[PDB]
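Okay, here we've got a single chain as C-alpha cells, the form solved without this ligand, with questions on binding and movement later.
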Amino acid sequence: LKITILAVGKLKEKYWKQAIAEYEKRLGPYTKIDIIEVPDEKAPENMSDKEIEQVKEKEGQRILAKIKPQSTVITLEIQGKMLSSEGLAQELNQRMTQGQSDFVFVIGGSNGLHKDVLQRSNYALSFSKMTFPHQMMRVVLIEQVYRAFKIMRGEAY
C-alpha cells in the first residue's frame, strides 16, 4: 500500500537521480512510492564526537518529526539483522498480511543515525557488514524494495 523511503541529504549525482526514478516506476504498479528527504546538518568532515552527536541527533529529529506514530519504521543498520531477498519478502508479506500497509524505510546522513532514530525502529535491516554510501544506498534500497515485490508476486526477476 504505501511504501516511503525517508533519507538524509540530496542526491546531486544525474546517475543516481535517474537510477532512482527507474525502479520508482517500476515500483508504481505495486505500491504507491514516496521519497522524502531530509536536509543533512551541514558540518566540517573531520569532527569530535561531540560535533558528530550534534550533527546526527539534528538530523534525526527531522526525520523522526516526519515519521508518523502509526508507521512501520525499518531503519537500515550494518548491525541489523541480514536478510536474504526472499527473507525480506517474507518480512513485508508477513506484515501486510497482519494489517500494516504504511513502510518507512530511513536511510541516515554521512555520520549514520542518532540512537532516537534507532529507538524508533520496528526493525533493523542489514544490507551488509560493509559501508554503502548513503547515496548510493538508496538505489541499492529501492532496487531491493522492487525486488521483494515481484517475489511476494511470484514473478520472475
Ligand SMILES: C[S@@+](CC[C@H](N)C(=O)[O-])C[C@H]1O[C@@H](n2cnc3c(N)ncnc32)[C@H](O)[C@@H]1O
Second form
Number of protein chains: 2
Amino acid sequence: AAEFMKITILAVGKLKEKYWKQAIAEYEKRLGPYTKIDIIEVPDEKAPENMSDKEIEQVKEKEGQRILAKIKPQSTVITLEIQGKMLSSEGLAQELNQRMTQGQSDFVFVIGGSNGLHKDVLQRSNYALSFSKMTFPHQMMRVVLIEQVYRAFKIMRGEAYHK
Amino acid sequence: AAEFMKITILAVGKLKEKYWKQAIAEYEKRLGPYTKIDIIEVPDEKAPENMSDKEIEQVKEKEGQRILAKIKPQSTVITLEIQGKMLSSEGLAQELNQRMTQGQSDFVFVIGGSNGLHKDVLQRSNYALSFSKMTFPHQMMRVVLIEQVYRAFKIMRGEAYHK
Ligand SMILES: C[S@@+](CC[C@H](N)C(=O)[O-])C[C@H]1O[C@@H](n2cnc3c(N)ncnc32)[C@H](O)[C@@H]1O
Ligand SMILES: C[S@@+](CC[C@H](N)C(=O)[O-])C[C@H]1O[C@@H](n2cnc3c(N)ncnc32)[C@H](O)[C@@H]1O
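Please give the corresponding structure for the form deposited with this ligand bound, as opposed to the form solved without this ligand shown earlier.
Let us now look at the entire complex, which starts with that chain.
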C-alpha cells in the first residue's frame, strides 16, 4: 500500500476539438488527488471512407505497432472494445479494486483509432471492456472513459458523487 | 413523406460547462440538414448527497411533473434508462427508421436529473433505451445522446461516418 495506482489512457490520435480537451482536463484535475493519471497519444493513420478490407487491416496494424511499443509486459492492459465485457459503474470499481488488492498498480486503458484495434493489441489485453453496444467516436470516447475512471475512484473511496 | 422528422431532447437541468454546450451546438449544427431538432430543459431540484428515500422520490416527482407538462399525447417518447433496452448504433437507426416508416415523426428523448426518472414518466415511455450498464452524469449524457442521434441519421441515410 506504499504506492498509489497508476492509470494510463493510451489512445490513437490527438483530440481536435477544444471542448473535448477542456473536458479531459477537468476530469484529470478531479482525479489528481486519487491516482497518477496520464494520457499518451500515438499517431493515427488517415482514415478515408469505405477503405478496402486490406487497407483497414494495415491501418490497424500500424497503429497497433505504435500502441504495443508503449506498453510494458507487466502492465495490466484493459482494452476498450465495443464487443468486450460490460460492467456497471460499481462493477468497474470492483474489478479495479480487486486487481489492486491483488497487487496490480499499473493499468493501461487502450482506445483504438476509427477502425478499431489490431489482433496483436487485442491479444495482449488482460480485460476487454465494453462501455456500450453503441459505437462511440474515439474523441468523445476518451472523455466518457476518463469520466468513468473518475466515477470508479469516487465509488472505491466511498465518496459522494455516484447518485 | 411530406414531413421531416422531429427530434426533441427533453432534459432536466441546464448545462453548466461551456465545453458541453459547445459539443451540443456542434452536433445540432451537423444534424440540421437532416431533422428538426430542439432541446428543451426543465428545472432541476437541488440534489444534496445521500438524501432520504422520501426526498429522492419527491425530487423525481417534481421533475417528472415538469417533464410531463412538456410532452404531447401523440409523441413517441423514448426514455433514457440505464436499465432500459440496449441497442447497437445500427440497432438504434433501425428502431427509429422502422417507427418513421410506421408514421411516427415526433420523437421525444427524455433525460432524467441526477436521481433518475419518476414512475409516471417511465410509464408514459414508449421505449426504454439504455446507452450502457454504466452510469453517465446527466450533462455528459446529453452530449453522448445527441452524438448518437447524429450517428443514427447518418446510418439511416447510408452516408459515411460510422466506421
Ligand atoms: C469508432 S471506434 C471502433 C469501430 C470499429 N468498427 C470496431 O468494431 O472497434 C474507435 C475506438 O473507440 C473505442 N470504443 C468506441 N465505442 C466503444 C464502446 N461502446 N465500448 C468500448 N470501446 C469503444 C474502441 O477502443 C475503438 O477502437
Ligand atoms: C446520473 S443518471 C440516473 C441515476 C439513477 N440512480 C437511476 O438509477 O436512473 C441521470 C439521467 O441520465 C440518463 N442516463 C445516465 N446513464 C445512462 C445510461 N447508461 N443509459 C441510459 N440513460 C442514462 C438517465 O436518463 C438518467 O435519468
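Basically, rigid core = biggest C-alpha set you can superpose within 1.5 Å across the two forms. Numbering follows the first chain given and starts at 1.
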Legend entry - Only residue that shifts (Cα, 2 Å or more, rigid core superposed) between these two forms, among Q70, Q98, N46, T131: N46
